[PDB]
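Reviewing the structure listed below.
In this view, the complex is presented without one of its protein chains, the others remaining in place.
Chain naming follows the written order as A and B, and within any one chain the residues start at number 1.
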Amino acid sequence: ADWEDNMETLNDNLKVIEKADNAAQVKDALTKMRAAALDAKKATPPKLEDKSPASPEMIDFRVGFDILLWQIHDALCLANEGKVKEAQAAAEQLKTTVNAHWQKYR
Amino acid sequence: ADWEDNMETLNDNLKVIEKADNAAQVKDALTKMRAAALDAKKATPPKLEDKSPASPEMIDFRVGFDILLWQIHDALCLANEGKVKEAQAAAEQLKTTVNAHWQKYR
Partner (left out) sequence: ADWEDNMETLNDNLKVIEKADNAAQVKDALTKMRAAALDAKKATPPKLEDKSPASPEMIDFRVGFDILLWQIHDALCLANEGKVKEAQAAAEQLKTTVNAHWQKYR
């Protein structure tokens, strides 16, 4: 899977979170999101393929995934305890970050 | 703004956690600390301004701020469980790491 596939996986699991009812579905979708984000952090996005891996652009690209993962973790902690609608509301803020990172580097 | 202002934000929110009264204030201060630590991880400290962004020194700098981020996460997870005193005790460890990073990279 490339970076685009990871972005698509993030978006699909965000859809699953939006269409979720219990906390187990939310937990599974958030674990999938974390795995996809960690896989995409290793990749080079299409916009930065003309840059060296040592460029500051790639460093900022990798650091943005830290914010992404912290938001994923906030949602996952809201889901681990019991609050499902709160986890969905937190993932609503997560979709903004996901799609902004997607459209910024594609 | 810059790395020094991020360190000042970290110190101010550490003092806020020290003077905190409930879990909401601790969580807010720790979220602000997480944001400031990410911003500082995106920055270049004064001592390392003569090093390339991909030098081992800068990599170790970003890893040290990752350590700070994980300690902030532990404090925030302790705060989300309603343990305000334990969250503040964990934030006492944050103060040592912040002071060490300040003295090491200023």
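Here is the rule we use: a contact is a pair of C-beta atoms (placed from the backbone, for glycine too) under 8 Å apart; a residue touches a chain by one contact, two chains touch by 3 or more.
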Contact partner of the left-out chain, one of A:19, A:42 or A:106: A:42
Listed residues A:75, A:77, A:84 or A:94, member touching the removed chain: A:77
Which residue of B:2, B:5, B:18 or B:81 touches the chain not shown here: B:81
Touching residues (missing chain, whole complex) on chain A: 34-35, 38, 41-42, 44, 52-54, 58, 62, 69, 73, 76-77, 80
Touch list for chain B against the chain that is not drawn: 54-56, 59-60, 63, 66-67, 70, 73-74, 77-78, 81
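Following the convention adopted for this analysis, only the chains that are shown with their structure count from here on.
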Approximate Å spacing (C-alpha centroids) for the pair chain A, chain B: 23
